[PDB]
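2 protein chains.
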Amino acid sequence: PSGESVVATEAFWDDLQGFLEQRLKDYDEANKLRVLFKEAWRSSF
Amino acid sequence: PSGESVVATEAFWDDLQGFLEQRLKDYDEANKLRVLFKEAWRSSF
Numbered sequence: 186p187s188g189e190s191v192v193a194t195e196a197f198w199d200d201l202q203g204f205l206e207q208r209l210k211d212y213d214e215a216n217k218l219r220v221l222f223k224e225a226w227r228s229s230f
Numbered sequence: 186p187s188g189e190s191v192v193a194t195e196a197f198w199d200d201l202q203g204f205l206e207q208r209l210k211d212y213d214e215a216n217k218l219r220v221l222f223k224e225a226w227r228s229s230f
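Top line first, the protein sequences correspond to chains A and B.
Reading the first sequence from the start, the letters are residues 186 to 230 in the entry's author numbering.
Reading the second sequence from the start, the letters are residues 186 to 230 in the entry's author numbering.
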């Protein structure tokens, strides 16, 4: 992986939010960041 | 943690990029995303 196709996966963002949940201790906030970061990644194109 | 003060830490973003490195298998790409996502988080304010 060069680092893109995996980022384009729901699995990536699920685990990404999983990490966010671990650190932030908040599902909803981690969810907000999952979306925000994914949209930022979308703007990376 | 409500999910913000930890996100405001370099440690958070370091581990965040660590996760990105694990999945993406690329330090530079993971770094790009660390910055991008952090700037997105900045725009969350």
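Since the hints were derived computationally from the structure, they do not count as laboratory data.
Hints are not guaranteed to be accurate.
25 Å max Cα-Cα, derived DSS-like pairs, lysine-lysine [as the list claims (entries may be wrong)]: (1) A:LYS217 with B:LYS217; (2) B:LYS210 with A:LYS223; (3) B:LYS223 with A:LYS223; (4) B:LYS217 with A:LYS223; (5) A:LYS210 with B:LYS223; (6) A:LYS217 with B:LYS223.
Cβ-to-Cβ under 8 Å is the rule here; a few derived chain B residues that face chain A [claimed, not checked]: (7) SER187; (8) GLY188; (9) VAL191; (10) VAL192; (11) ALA193; (12) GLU195; (13) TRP198; (14) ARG208; (15) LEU209; (16) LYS210; (17) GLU214; (18) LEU221; (19) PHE222; (20) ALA225; (21) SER229; (22) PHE230.
Heads up, the beta-carbon is just placed ideally off N, CA and C, and yes, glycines get one too.
Here is how each hint holds up against the structure:
With a C-alpha separation of about 20 Å, the suggested pairing of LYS217 of chain A with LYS217 of chain B holds against the 25 Å cut-off. Simply put, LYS210 of chain B and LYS223 of chain A have alpha-carbon atoms about 18 Å apart, close enough for the 25 Å limit, and the pair holds. The hinted pair formed by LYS223 of chain B and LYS223 of chain A meets the criterion: a straight-line CA distance of about 12 Å does not exceed 25 Å. With a CA separation close to 13 Å, the supplied pair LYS217 of chain B and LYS223 of chain A stays within the 25 Å bound.
Simply put, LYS210 of chain A and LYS223 of chain B have alpha-carbon atoms about 18 Å apart, close enough for the 25 Å limit, and the pair holds. With a C-alpha separation of about 13 Å, the suggested pair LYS217 of chain A and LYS223 of chain B falls inside the 25 Å cut-off, and the hint holds. Proximity of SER187 of chain B to chain A holds as hinted, the smallest CB-CB distance being about 6 Å (cut-off 8 Å). Interface hint status for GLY188 of chain B: upheld, as the beta-carbon distance to the closest one in chain A is roughly 3 Å, under 8 Å.
A hinted interface residue such as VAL191 of chain B counts as satisfied when its beta carbon comes closer than 8 Å to some beta carbon of chain A; here the least separation is about 5 Å, so the hint holds. Satisfaction of the interface hint for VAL192 of chain B is found here, the shortest Cβ-Cβ separation to chain A being roughly 6 Å, below the 8 Å cut-off. Given hint, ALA193 of chain B at the interface with chain A, is violated; its Cβ is 11 Å from that chain's nearest Cβ, farther than 8 Å. Against a cut-off of 8 Å between C-beta atoms, the interface hint on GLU195 of chain B is violated, since the closest Cβ of chain A lies about 13 Å away.
The interface hint given for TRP198 of chain B is broken, as the beta carbon of that residue sits about 10 Å from the closest beta carbon of chain A, more than 8 Å. For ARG208 of chain B, the suggested interface contact is upheld, since its CB lies about 5 Å from the closest CB of chain A, less than 8 Å. Against a cut-off of 8 Å between C-beta atoms, the interface hint on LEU209 of chain B holds, since the closest Cβ of chain A lies about 3 Å away. Annotation: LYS210 of chain B was flagged as interfacial toward chain A, and the flag holds, the nearest CB pair being 5 Å apart, inside 8 Å.
This hint holds: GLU214 of chain B has a C-beta 3 Å from the nearest C-beta of chain A, less than the 8 Å allowed. With its C-beta approaching chain A no nearer than about 5 Å, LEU221 of chain B sits inside the 8 Å limit, and its interface hint holds. Taking 8 Å as the C-beta contact cut-off toward chain A, the hint placing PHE222 of chain B at the interface holds, the least distance being around 4 Å. At about 4 Å, the closest approach between the beta carbon of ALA225 of chain B and any beta carbon in chain A falls short of 8 Å, and the interface hint on this residue holds.
About 6 Å separates the beta-carbon of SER229 of chain B from the nearest beta-carbon of chain A, less than 8 Å, and the hint is met. Contact between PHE230 of chain B and chain A, as hinted, is not supported at the beta carbon level, the nearest pair being about 11 Å apart and thus beyond 8 Å.
Comparing the model with each earlier hint shows violations of hints 11, 12, 13 and 22; every other hint is respected.
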